[PDB]
Amino acid sequence: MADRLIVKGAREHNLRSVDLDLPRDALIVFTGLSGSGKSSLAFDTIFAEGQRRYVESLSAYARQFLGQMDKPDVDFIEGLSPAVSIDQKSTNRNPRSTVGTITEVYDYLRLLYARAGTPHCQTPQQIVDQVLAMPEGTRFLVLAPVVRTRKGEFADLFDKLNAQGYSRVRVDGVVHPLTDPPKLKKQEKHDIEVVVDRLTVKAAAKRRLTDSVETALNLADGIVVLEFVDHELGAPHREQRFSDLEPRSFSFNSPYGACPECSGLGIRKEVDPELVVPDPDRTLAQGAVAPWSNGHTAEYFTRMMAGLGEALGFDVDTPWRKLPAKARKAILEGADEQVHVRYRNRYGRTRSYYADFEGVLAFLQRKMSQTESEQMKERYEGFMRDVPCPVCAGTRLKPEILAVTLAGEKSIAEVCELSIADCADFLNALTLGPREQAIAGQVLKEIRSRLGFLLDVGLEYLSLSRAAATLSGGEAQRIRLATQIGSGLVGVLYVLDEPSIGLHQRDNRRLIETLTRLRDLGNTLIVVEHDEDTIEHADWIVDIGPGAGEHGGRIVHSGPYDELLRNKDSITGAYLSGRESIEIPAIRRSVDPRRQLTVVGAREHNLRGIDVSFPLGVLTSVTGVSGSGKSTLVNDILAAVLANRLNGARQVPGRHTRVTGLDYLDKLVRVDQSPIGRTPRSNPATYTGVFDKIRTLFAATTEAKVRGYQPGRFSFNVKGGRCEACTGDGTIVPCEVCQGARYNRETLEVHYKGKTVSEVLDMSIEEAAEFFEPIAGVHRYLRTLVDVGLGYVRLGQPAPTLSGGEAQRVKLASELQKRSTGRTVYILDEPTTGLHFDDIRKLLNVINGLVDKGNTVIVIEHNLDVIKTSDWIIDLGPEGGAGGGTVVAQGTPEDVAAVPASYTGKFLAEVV
Amino acid sequence: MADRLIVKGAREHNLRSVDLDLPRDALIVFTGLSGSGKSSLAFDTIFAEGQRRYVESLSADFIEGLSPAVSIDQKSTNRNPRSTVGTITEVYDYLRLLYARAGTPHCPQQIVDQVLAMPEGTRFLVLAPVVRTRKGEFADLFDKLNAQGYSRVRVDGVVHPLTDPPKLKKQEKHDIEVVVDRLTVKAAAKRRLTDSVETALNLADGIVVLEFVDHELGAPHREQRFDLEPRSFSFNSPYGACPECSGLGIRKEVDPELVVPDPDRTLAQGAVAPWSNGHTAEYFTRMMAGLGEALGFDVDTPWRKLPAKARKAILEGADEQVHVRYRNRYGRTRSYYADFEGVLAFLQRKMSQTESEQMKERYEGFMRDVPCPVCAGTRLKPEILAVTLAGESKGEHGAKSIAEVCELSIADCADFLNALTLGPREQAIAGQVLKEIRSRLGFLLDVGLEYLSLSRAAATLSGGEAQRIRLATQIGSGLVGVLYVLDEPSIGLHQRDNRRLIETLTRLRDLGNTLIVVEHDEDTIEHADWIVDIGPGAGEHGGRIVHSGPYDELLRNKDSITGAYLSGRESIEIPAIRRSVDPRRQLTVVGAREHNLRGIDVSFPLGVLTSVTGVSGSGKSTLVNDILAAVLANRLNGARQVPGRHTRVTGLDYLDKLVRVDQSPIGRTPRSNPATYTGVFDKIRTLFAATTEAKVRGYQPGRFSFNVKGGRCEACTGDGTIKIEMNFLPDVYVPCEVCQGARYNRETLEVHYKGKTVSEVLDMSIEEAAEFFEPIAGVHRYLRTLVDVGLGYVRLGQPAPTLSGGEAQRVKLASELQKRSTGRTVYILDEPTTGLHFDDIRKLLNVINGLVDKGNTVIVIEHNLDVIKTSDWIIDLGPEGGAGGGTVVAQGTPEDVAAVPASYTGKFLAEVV
DNA sequence: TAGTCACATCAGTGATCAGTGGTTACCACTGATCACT
DNA sequence: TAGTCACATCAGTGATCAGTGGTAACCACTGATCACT
Ligand SMILES: [Zn+2]
Ligand SMILES: [Zn+2]
Ligand SMILES: [Zn+2]
Ligand SMILES: [Zn+2]
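Chains as they are written, first to last, in the numbering used here: chain F, 47 to 958; chain L, 59 to 971.
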């Protein structure tokens with residue numbers, strides 16, 4: 047029973063000639079940095095090969111014909127197993143797919159509804175047990191409801207029944223002989239339940255009842271009825287069944303049984319109201335409302351909104367706590383009528399937004415119903431407008447079914463008006479008995495399993511009624527884990543992305559135990575977490591990419607982890623034997639009692655309303671369990687407000703009250719995790735805004751001037767500069783004319799500085815550091831890129847060849863020094879995702895140097911030594927989910943270390 | 059190379075807890091009786107694991123060590139008119155993709171490359187380009203053009219400077235071809251001419267010419283400009299299919315002269331196929347006799363000696379109407395008051411009026427021909443099919459139109475495609491597609507299917523070529539260490555048709571692939587590596603493993619009854635000279651000239667056990683089944699199929715009835731049992747209706763059947779097992795709370811007929827149940843035939859999928875070989891060895907020998923040497939495969955077929971008798 | 001040489017019913033050059 | 001501290017299309033039970 051997988055000859059981008067063995071019955075982690083080829087091998091060489099080998103076999107069958115659109119490009123892999131990938135799916139929208147559908151509970155709940163369906167208004171053992179329990183000596187009748195709900199005249203049926211000579215019949219409860227049948231009319235209602243026997247419960251009678259029952263068992267296909275006619279215990283005429291009411295068919299996504307407005311799978315319940323202006327303490331003149339803080343529309347709406355504020359009588363800048371909350375209420379409801387208003391924006395245009403709006407609730411509705419921006423007109427509706435379906439309570443059913451279907455089990459709210467935890471604890475709380483709680487089967491266990499898995503991980507705060515667009519990072523990283531785990535199949539290979547996003551270190555302290563449980567089941571697991579806890583648990587650790595470019599396209603470590611300590615070349619080994627991941631004691635006194643930001647009263651769904659004290663001019667780090675409110679406060683609340691009214695962004699402030707130091711702040715830059723590199727059009731030089739300047743500089747040459755070639759003509763995406771032979775991709779075997787250069791001969795003649803654009807792109811940035819030195823902007827971009835230390839990339843490198851995680855690192859290098867004050871706050875993502883701790887320590891050297899220059903960084907982190915190097919740590923929430931949302935420590939890393947409450951400090955205290 | 063497949067927790071009905079572990083480097087064969095555990099073993103242990111593997115991963119029991127396998131079961135592919143032979147050979151879509159890759163439809167940079175390649179110093183007037191044609195008034199358009207600045211124009215057929223606009227009207231049509239410059243050819247002037255053309259490429263939408271603008275205009279501008287259409291690529295969609303015939307294959311309905319195969323028979327007897335019906339024979343005889351009396355042409359005279367005028371007049375009929383109305387044999391009268399249009403136009407109305415479209419296949423493809431010629435056998439639009447290949451040089455550099463599947467064979471199409479040249483583009487690399495095609499093409503070539511033209515379809519599909527194509531297609535991948543699970547793809551039919559297809563398995567085994575073979579053919583055995591015999595018994599107690607891999611262990615083993623013939627333990631022989639007189643009673647199919655036949659005469663003796671051998675799928679299966687068996691069926695019982703072409707049949711006065719049986723697998727539905735298929739259960743329920751405790755309720759014996767709502771327990775679906783599960787898993791068979799392995803309901807179980815209840819009588823095998831029901835002969839003969847064929851321990855109440863489709867299937871025929879006890883009623887039998895294991899082969903051979911010695915007549919399609927040497931007269935057809943066959947090479951006794959030196963089975967008899 | 005013997009089973013002969021069998025996007029985000037101060 | 005006092009050159013900044021990213025017959029099958037003589 048060998049436990050080895052073998053991969054040979056893998057080649058993709060910088061990765062080349064990879065021959066590695068993956069052991070089983072143990073966890074194996076690939077380490078490295080974003081762009082070293084580890085992500086390419088983890089994602090698009092092994093899983094892609096397995097998927098292709100699985101799908102390419104068959105296409106005719108219409109169950110797997112939906113496959114084979116995927117087109118992976120891998121050489122070969124032998125001795126593989128069908129693997130499953132676990133990573134976020136960037137669909138860019140999930141309105142039609144609620145959280146219930148992605149967790150596979152919707153179809154199951156529909157089957158559960160269909161199982162025990164009673165609208166209010168089988169076996170031979172079931173045939174016999176009731177007559178066995180029938181009291182003796184009781185007069186009754188045999189009933190055969192064979193023409194159920196088929197009202198109308200049935201004299202032809204009377205003649206037909208007379209042909210078999212049953213001699214008995216019963217209509218609407220009245221009994222008659224077949225020889226003397228009652229009159230029937232087509233217009234009148236006539237439900238036929240023909241009496242087969244006017245019998246009675248006496249001794250040795252069971253054969254006549256058996257005959258009179260099996261007659262309709264073979265005629266009506268297994269349905270009869272018994273009817274007490276002398277005792278009727280239980281009803282005025284007690285009867286027993288041996289099987290606005292419209293049964294028809296059951297459907298959820300069909301127009302026959304769906305709401306005419308919500309159109310199925312759409313619920314406008316959203317996350318929370320009041321979210322447009324939930325701040326009672328901000329400076330209102332600093333754009334409390336998101337449309338009031340746009341790049342150019344900010345003043346465009348502030349003009350008449352300040353006019354209406356002056357008219358009504360509430361101040362333009364005073365916080366809503368010195369004023370009553372009536373100010374917030376009256377900016378929500380506003381007032382009718384319009385006033386004269388017109389102003390110019392920063393962009394130079396002049397728009398006349400002349401309309402009547404009833405507060406921000408109807409002002410935003412007017413924006414949805416009036417604006418030409420088809421994106422924002424639905425972007426702004428979701429976060430802060432709650433208008434669910436009134437005719438169906440937001441649910442996926444016709445008006446006149448939802449009441450009846452639950453009357454016997456009244457109206458339907460369920461998945462569209464409930465929460466995940468409430469539904470989880472309510473579904474199994476109904477011990478109905480005979481129908482669903484009779485046999486073990488799978489119903490109760492399958493209901494319990496996934497919901498309990500969500501409970502132990504911590505997804506109890508989620509709600510199905512909540513819009514799927516409000517999915518937090520923790521929810522995104524945990525729901526996929528739970529859904530992958532629910533199968534629990536033994537021997538299947540799992541490959542996972544970086545899990546530090548959405549989870550804490552203490553959360554990893556249980557994710558690792560979950561992974562070891564999965565291993566104890568008998569499967570194979572692969573993670574790229576890079577945390578030191580996942581390391582040291584691998585029998586054969588492998589590290590790749592000593593250099594992310596051609597200088598380091600070789601295997602750097604593959605062994606039993608014993609040689610990691612002695613080998614400092616490997617980055618993960620260089621972290622442990624650091625000489626660089628030390629406390630590095632800073633001044634830690636650059637904080638100021640007054641020159642400091644505060645946030646209070648943030649009563650978000652992930653928070654409680656605590657006061658976070660952000661210092662200025664420091665490397666302050668916000669930490670805590672993910673999903674406990676740190677991201678909703680630092681990013682959704684703080685970064686949003688200083689972005690929208692300190693640089694000109696558009697994000698909604700969210701549920702909070704106050705941010706201070708408005709006079710002490712000038713600019714803010716936010717860099718997200720942002721895995722965005724997938725399209726060949728996007729390049730490390732095109733979106734950065736440097737390629738257009740490169741074209742301008744190249745057109746500043748004499749030859750480009752004489753040949754009449756402009757910067758726009760000198761791009762590779764517009765039809766002017768791209769030859770039709772390449773079709774724009776450069777290599778198709780490359781273009782015959784271009785000969786592997788991606789430039790037509792009519793444009794390649796521009797040899798500025800002895801080189802062309804293709805020559806500059808081909809040349810590495812490390813050797814191009816001497817280039818672009820005089821000209822300022824490209825010099826700054828290239829110099830900060832080199833300061834990052836990853837100058838292996840080319841300017842026009844396609845995004846499919848860029849590993850996820852490093853897409854925004856290049857911009858983030860230049861996104862850390864503005865106005866040279868340099869206290870301008872920069873919100874940082876986690877460098878742990880992608881880059882390993884040696885790359886993060888080089889980044890830390892950059893951060894420390896420019897913080898000594900005067901810069902300010904607010905960073906959400908996951909590791910230990912990187913934030914131990916910092917000077918201030920703020921922990922928000924010790925426990926995950928609802929057990930957090932409050933600050934538990936704020937100060938020097940050693941100060942929080944001494945406090946045995948914050949696990950961040952506890953981690954900083956066990957290693958000093 | 060050593061991927062250990064482990065089977066644990068495997069059991070299904072007859073199968074019971076079979077566990078094993080094996081490496082993965084050789085071929086695995088399942089032997090034993092048909093089904094009896096091996097069919098379920100090849101189903102619920104590997105395919106079930108693959109199912110529970112892929113059905114979780116598709117998104118939008120526990121078995122480990124196996125590889126993703128492919129299914130080549132019977133249902134996966136059968137005869138369908140929608141799919142031609144191209145799709146099933148996966149070369150239709152394949153070759154279509156390669157054609158669409160870099161095809162040339164035949165009839166910026168190249169604009170200046172033409173001048174660059176043109177030797178310097180020439181002279182030609184490159185003055186005026188062509189812009190897109192516009193018509194109407196363009197005063198403001200020309201004003202805007204002047205604002206831009208061009209200084210040139212050419213409208214209304216006259217050239218002007220742009221400053222001079224001529225007269226334009228909205229009612230006047232102009233071919234607007236404005237000028238852009240006044241340049242001319244010069245040395246090293248490209249930088250000029252480019253600036254004249256390239257910018258125009260952004261305004262004229264890629265239109266520019268170098269016209270003469272001179273006086274003589276001898277040539278039309280040297281045809282210089284800078285039928286072809288892109289269209290769309292699709293085969294099933296109507297985007298690029300035959301718009302009239304909906305993209306279906308051409309309905310080749312040859313021959314029109316199939317109306318009268320045998321001319322010597324009188325036309326009144328029903329020589330015309332619709333004229334020999336059970337009820338419509340006289341319905342058509344009335345008009346043809348009326349026409350014979352009216353026109354005066356003779357009828358009872360054979361067609362060959364008849365005048366051609368009579369034949370044509372009865373073929374196309376005549377005009378006008380006559381008063382004819384008669385009754386049939388079954389008591390209904392048909393008042394046919396219309397015109398007798400021969401048998402040409404009546405058929406068209408017949409298939410036009412009918413609703414069922416399956417009974418018209420025989421009456422359409424073999425009566426008269428009405429195909430659509432717009433596509434002429436092409437599943438492509440008329441333009442593209444020629445356009446794509448008009449630039450594709452093929453074979454000896456011929457580029458006219460795509461024929462391939464439509465109009466060529468394997469050999470010529472492959473040879474022509476091996477010389478494809480679309481320019482130097484595709485010569486720079488060969489690619490893996492070349493070897494992907496070449497491996498399976500060469501494997502098909504060495505098999506011996508060069509004659510197999512691409513025009514083949516379901517209309518000309520045989521079982522042997524079906525095995526050929528399925529095996530070639532599943533080998534075409536040519537992987538290493540990948541499981542291929544296949545049930546019996548078709549009947550085993552010849553030793554020369556096979557034993558050449560198996561060489562591909564031996565070649566592919568060197569790679570390291572592995573396959574599961576559920577095949578009863580003797581040729582597949584003795585040339586493999588690992589063989590296991592499953593199912594010494596066939597009932598629910600029949601799930602057992604006996605035989606081990608190596609054939610040496612087969613020699614050692616005795617329970618695996620393949621050794622009964624492998625080591626020659628027993629065999630059956632010719633039943634002496636029997637009742638075979640030479641000259642008198644010997645039917646002769648003379649002048650059989652069908653599609654593959656060649657006007658040959660074959661003598662089948664009467665009152666004998668005769669067999670047919672030779673190159674199979676080459677006109678001998680049609681010889682025994684298509685022409686002969688159809689004739690006996692339609693002129694001896696009342697069948698409704700055309701026979702084909704044969705000049706005369708003799709000796710039919712010495713036959714009374716015919717029974718014909720195909721391969722006919724029992725099925726794959728658990729609701730079907732051998733009781734309900736053979737016909738035992740009908741009279742079983744009839745007898746159950748006569749029981750003292752079962753004749754008190756009015757209802758018919760239909761209550762005593764497990765297929766109707768009456769005696770049916772609603773928890774089991776008539777199976778003894780709650781097989782209810784969602785699509786994510788096929789569940790494991792479990793007993794019912796009512797049955798516990800009885801597949802019945804207790805209420806019916808009160809019928810203890812002679813102390814035996816229904817569940818009990820369906821729970822004991824026919825071996826023990828033979829003692830019961832002895833006094834009544836109706837069930838006694840059936841149980842005797844079951845126990846004689848070799849189905850004694852068979853469970854009567856057992857699902858069809860896990861039972862015998864080779865021996866228990868043919869009991870419905872063998873029990874009726876006592877047809878009116880004469881018993882020379884003629885029988886036509888398929889290849890029985892499929893499903894038939896060797897012990898059951900011997901038992902059935904003894905039964906058939908006894909019945910034929912009773913005085914029967916049996917013609918069987920057979921290939922095994924032992925069974926044909928058991929029969930007394932072997933007819934061998936086919937000097938070669940396909941068109942090379944169709945003629946007798948040796949017909950007579952086995953000694954005679956071994957005597958004439960033209961029969962492949964004759965030299966097969968030479969090495970072993 | 002012809003009107004006498006009981007309310008029987010054949011064996012399919014050989015269309016129809018009925019299990020199955022498979023089959024088919026409005027937005028919206030980032031992309032992005034030249035739209036602006 | 002007086003009206004101009006010489007000379008372009010970075011930054012991420014909206015709106016939106018543009019052009020990479022996600023797609024029931026057929027009735028062909030055969031078996032079951034069966035209508036008929
Ligand atoms: Zn609705
Ligand atoms: Zn090119
Ligand atoms: Zn056609
Ligand atoms: Zn049961």
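No lab work stands behind these hints, which were simulated from the structure alone.
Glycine residues also receive a C-beta, built at the ideal position from the N, C-alpha and C atoms.
It is possible that some hints are incorrect.
To be verified - BS3-like, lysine-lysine: derived pairs with alpha carbons at most 27 angstroms apart:
1. L:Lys133 <-> L:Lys493
2. L:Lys244 <-> L:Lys193
3. F:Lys491 <-> L:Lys66
4. F:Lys799 <-> L:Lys248
5. F:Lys248 <-> L:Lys133
6. F:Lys801 <-> L:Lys753
7. F:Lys252 <-> L:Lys363
8. F:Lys456 <-> F:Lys423
9. F:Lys206 <-> L:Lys767
10. F:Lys252 <-> L:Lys616
11. F:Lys117 <-> L:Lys493
12. L:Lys133 <-> L:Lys231
To be verified - Calculated Cβ distances over 12 angstroms to all of chain F for the following chain L residues:
13. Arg111
14. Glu122
15. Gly123
16. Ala486
17. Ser535
18. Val538
19. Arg755
20. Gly768
21. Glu783
Now for the hints, and whether the structure bears them out:
1. Restraint check: the Cα-Cα separation between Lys133 (chain L) and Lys493 (chain L) comes to about 30 angstroms, which exceeds 27 angstroms; the hinted pair is violated.
2. Restraint check for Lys244 (chain L) and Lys193 (chain L): not satisfied, since their Cα atoms lie roughly 35 angstroms apart, outside the 27 angstroms limit.
3. For the suggested pair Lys491 (chain F) and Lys66 (chain L), the alpha carbons sit about 25 angstroms apart, so the restraint of at most 27 angstroms is met.
4. As the CA atoms of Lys799 (chain F) and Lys248 (chain L) are separated by approximately 26 angstroms, the hinted pair is consistent with the 27 angstroms bound.
5. Between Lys248 (chain F) and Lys133 (chain L) the CA atoms are separated by roughly 56 angstroms; this puts the pair beyond 27 angstroms, and the hint is violated.
6. Straight-line distance between C-alpha atoms of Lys801 (chain F) and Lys753 (chain L) comes to about 105 angstroms, which puts the hinted pair past the 27 angstroms bound.
7. Pair hint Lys252 (chain F) plus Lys363 (chain L) does not hold up; C-alpha atoms about 79 angstroms apart against a cutoff of 27 angstroms.
8. For the given pair, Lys456 (chain F) sits about 36 angstroms from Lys423 (chain F) by alpha-carbon distance, which is inconsistent with the 27 angstroms threshold.
9. Taking the CA atoms of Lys206 (chain F) and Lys767 (chain L), the gap is about 22 angstroms. The hint holds against a cut of 27 angstroms.
10. For the suggested pair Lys252 (chain F) and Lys616 (chain L), the alpha carbons sit about 57 angstroms apart, so the restraint of at most 27 angstroms is broken.
11. Taken as a hint, the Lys117 (chain F) and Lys493 (chain L) pair is honoured in the structure, with Cα atoms around 21 angstroms apart against an allowance of 27 angstroms.
12. Of the supplied pair hints, the one linking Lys133 (chain L) and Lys231 (chain L) is violated, its CA atoms being roughly 64 angstroms apart against a limit of 27 angstroms.
13. Separation of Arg111 (chain L) from chain F is inadequate, the least Cβ-Cβ distance of about 6 angstroms not exceeding the 12 angstroms criterion.
14. Remark: the non-interface label on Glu122 (chain L) conflicts with the geometry, its nearest Cβ contact in chain F lying 5 angstroms away (cut-off 12 angstroms).
15. Non-interface call for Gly123 (chain L) relative to chain F: violated, since the shortest CB-CB distance, roughly 9 angstroms, does not exceed 12 angstroms.
16. Distance check on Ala486 (chain L): its Cβ comes as close as 7 angstroms (rounded) to a Cβ of chain F, failing to clear the 12 angstroms threshold; non-interface status is violated.
17. Residue placement check: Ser535 (chain L) does not keep its beta carbon more than 12 angstroms from all beta carbons of chain F (closest about 8 angstroms).
18. Its beta-carbon lying about 8 angstroms from the closest one in chain F, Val538 (chain L) breaks the requirement of being farther than 12 angstroms from that chain.
19. The Cβ of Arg755 (chain L) does not lie farther than 12 angstroms from every Cβ of chain F; its closest approach is about 6 angstroms, which violates its non-interface assignment.
20. Under the 12 angstroms C-beta cut-off, the non-interface status given to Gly768 (chain L) relative to chain F is violated; the minimum distance is some 5 angstroms.
21. A Cβ of chain F approaches the Cβ of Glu783 (chain L) within 12 angstroms, the least distance being about 9 angstroms, so the stated non-interface status is violated.
When each numbered hint is compared with the structure, violations occur for hints 1, 2, 5, 6, 7, 8, 10, 12, 13, 14, 15, 16, 17, 18, 19, 20, 21.
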